[PDB]
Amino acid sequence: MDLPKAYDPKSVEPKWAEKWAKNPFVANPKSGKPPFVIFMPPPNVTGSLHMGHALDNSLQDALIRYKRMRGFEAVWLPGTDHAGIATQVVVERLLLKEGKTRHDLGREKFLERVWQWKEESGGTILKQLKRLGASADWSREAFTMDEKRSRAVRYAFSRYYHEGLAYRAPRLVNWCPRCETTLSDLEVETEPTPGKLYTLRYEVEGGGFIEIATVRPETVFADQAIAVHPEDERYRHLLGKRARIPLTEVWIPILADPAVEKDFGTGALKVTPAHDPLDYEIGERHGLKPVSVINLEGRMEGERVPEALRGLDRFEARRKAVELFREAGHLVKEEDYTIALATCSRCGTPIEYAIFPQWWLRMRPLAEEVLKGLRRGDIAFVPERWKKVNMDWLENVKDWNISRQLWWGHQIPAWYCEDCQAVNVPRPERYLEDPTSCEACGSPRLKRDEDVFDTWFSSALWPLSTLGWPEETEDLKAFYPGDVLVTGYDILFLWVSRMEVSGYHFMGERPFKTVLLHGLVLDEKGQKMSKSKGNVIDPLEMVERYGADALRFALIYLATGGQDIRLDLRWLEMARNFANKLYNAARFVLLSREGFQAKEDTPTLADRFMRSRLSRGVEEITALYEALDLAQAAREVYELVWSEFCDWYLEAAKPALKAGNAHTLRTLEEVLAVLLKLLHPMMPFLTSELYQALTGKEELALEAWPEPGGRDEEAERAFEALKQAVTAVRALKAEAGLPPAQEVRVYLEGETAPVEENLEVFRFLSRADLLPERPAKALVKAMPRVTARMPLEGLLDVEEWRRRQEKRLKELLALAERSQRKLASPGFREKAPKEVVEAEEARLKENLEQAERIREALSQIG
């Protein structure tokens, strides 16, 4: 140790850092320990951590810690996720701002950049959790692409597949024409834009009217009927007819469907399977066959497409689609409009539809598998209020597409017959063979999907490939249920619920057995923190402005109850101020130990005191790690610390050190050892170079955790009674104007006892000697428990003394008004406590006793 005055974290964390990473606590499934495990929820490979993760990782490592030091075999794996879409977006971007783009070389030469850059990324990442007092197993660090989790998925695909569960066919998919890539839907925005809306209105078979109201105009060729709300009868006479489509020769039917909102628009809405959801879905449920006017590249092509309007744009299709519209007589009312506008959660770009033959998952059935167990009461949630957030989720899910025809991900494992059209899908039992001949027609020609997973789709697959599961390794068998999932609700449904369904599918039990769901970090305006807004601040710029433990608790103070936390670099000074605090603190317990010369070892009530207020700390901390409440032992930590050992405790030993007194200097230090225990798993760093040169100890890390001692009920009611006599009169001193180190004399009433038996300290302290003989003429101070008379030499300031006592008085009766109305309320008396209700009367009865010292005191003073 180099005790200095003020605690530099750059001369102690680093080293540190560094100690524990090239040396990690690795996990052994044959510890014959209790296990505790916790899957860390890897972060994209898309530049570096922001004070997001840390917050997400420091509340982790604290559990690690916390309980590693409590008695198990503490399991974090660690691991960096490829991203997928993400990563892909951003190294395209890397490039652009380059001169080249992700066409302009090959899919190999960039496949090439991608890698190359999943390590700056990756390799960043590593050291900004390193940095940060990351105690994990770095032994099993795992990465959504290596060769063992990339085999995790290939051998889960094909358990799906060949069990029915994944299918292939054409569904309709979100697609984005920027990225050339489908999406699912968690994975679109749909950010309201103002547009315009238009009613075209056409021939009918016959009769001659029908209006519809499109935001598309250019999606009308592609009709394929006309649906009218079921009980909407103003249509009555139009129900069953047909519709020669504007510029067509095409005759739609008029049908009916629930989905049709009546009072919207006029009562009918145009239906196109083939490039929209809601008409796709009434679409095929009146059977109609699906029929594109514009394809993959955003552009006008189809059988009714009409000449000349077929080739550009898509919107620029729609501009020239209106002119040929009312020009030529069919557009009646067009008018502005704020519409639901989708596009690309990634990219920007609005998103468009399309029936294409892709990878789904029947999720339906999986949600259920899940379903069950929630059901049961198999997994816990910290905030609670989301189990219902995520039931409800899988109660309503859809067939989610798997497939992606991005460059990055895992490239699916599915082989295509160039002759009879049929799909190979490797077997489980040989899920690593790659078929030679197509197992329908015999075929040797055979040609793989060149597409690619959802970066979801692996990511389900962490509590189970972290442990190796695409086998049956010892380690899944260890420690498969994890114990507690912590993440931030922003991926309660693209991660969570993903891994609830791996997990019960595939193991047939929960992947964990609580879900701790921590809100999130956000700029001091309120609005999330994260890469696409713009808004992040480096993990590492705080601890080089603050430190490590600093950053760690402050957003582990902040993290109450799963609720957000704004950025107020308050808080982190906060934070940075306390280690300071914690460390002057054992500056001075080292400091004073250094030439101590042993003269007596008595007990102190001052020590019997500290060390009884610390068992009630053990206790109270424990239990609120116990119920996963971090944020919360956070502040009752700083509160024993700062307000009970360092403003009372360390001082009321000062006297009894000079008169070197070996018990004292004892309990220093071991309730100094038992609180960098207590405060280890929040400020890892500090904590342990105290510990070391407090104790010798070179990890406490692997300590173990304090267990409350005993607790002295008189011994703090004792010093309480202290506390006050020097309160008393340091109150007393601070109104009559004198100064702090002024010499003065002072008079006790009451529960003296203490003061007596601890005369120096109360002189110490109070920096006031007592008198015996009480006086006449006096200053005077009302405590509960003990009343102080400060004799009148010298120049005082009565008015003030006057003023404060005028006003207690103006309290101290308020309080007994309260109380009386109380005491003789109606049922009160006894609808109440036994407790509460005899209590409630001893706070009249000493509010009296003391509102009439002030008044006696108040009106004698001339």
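Positions refer to the first chain, counted from 1. We call the rigid core the largest set of C-alpha positions that still match within 1.5 Å between the two forms. First, how it differs from the form deposited in another entry.
Core-based superposition between the two forms shows that, of 119, 104, 327, 714, only 104 has its Cα displaced by 2 Å or more. Core-superposed comparison between the two forms: CA of residue 657 displaced by less than 2 Å. When the rigid core is held fixed, the Cα atom of residue 738 travels less than 2 angstroms between the two forms.
Core-superposed comparison between the two forms: the CA of residue 169 stays below a 2 Å shift.
Mind pulling up the form deposited in another entry next to the form deposited in one PDB entry we just looked at?
Since only the chain itself is given, any partners or molecules it might have are not part of what comes next.
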């Protein structure tokens, strides 16, 4: 230890960080010690980490460390997700376009430049986690697209397909013409946008009118029906007729369908299964063949589509589409409208729809496999308000498009016969094998589905791929049911649920026993932090500024009840300052046991007191940990250390140490040890350094959690008396306007036994000597247990003392009032605890006793 005046994290954290880095706390399946597993949500290989991750891992670590030094096999599996679509963009964008030109460099040369990036990003994400003191079993650092993990999927899929649950069909997909790939519902965002609702109307079989309000004119040629509410007979007895469609000679049928909102626009809507979910939905509800007018390039084309219209853009198609309607006489009511435009969450551009042959996943059945457990009580949720939010998500899911046209992910394992047009999917038992001859036409000429899987598909496969489950390992046998899953609600659906499935399905069990959802950190402005919003702060920028233990402590302190966390540097200071205080407290004890000269070894009230108040702490804090409530423990320990050890104990011991009392210096050393234990999970670095310098022990991390020892009742009530006498005098001087150091003689009344026995402390702390004889005239301070009378010797600020005391009375009588009322209240005396009542009765007894004391003094004073 170097013991300067102030603590410099930079002289400490980096070394310990490296020590822990190069020598991970490797997990042992055969440890024969109860395990504790936590799967680290693998950060996306997109850039660096941000304060969000920090809160996420910092929370995890503190759990690992606690359990570890609590006696378990702390297994925390680290890893990083390739992100798929995400990373894709990142490289494609910035790096490439900016770098020079994304301009297709081949499906190969591109995959190169991506891994290169995967290295930088993946490398950085690790430094960061290391430097934040992540005690992660880096010996098992898994990467979604590493050999061992790629197998977990290629197998998982195969076992799905041949199980039926994974099919291939034309169900329509949300397609982004920017990234040229399909997305999932959860991957597409819909954000209101100013548009133009057009009401078009057209001919009818025999008669003549039908009016329709559509946001997209182009999708008319692809119409297949006019939908009309089933009960809106209203302006609807043209139900069952036909309808030339604007510009065409095509005759669509007017049908009824429950999804028609009679009150929106004209009580009837156009129908286009080939270009929209609602329509496609109703379309198949009455069986109507799909029909495209616009392709994947987002350009017009097709049967119906009119000449001269087929060609250019999808939007520059509606421009002329409208004109060719009004100026042709089919347009009627054009008007503004706030449309719920759907866009690509990761590129912006608005999606589109299309029927395409894709890989889907019968969620309906799976979801039930899971709900089976949840219902039984298999999994526990921290806020607990998420159980329902989870269960309800499953309660109504839709088959998920697993395939993707990205160049990143796992190239799905399906082979298509260039002769029989049949799919060949490796069987589970030989899953690793590549079919070579179509098991249909028996032909050799095969072709593999060059699609790719959904990043979320591999990720949902984690509490298994990290434990080598593509196989049947011992790690997996030793500790599969993770004990606590830590993550922020932002991915409760596309991450947690997904896993709960692949988990409850590929093992008859829960991937984890408890899901701990924490809030999100967000820029001071209140909005979520993410590379997306462009509002991210590198956690290291903060470590460098306040220090890693600080950052860790703030973040945990604030992660109360799954609530979010608004960025507020003030809290970082709060933390740094607390590090420094803890540090100083140690510096004191080290510099004290310096050249100490033992003159005696006598138990002191202060000693007995801190040992007791410590047992209290140890109990309380453990329980808070045993409730995953770190945020609270974080402040319960702040309290203990700062208000009970530094503010009172250390100071109370200063004298005894000058007097060469070994029993005290001993206690200081022993108590400080435990505190360094308690604080370790949150602040590992500083807390280790100190413990080393204090006990010579090299790895606090491996030490055992403290056990609550004593609990001296009287001793605590005794020392309290002292605190009061001390603070009484302190206040008296304050009010009197006397400087701190000013020597003073005062007189005590009441539970004074404590002050008398431990006189030197009282003297040292108050800077006052005791008076044998109660002074005639004097300034008075009334405490709950003791009363102080300060002789009128000297120049004193009586006005202040007066004011201050005139005000205590105002309050003391006010309390007496409340008490009186309660005691004399109906139902309180009777229907209320035989304790909370006799106490309220005692509060009154002494609220008066004090009021009188002041009153009398207050008047007595000239």
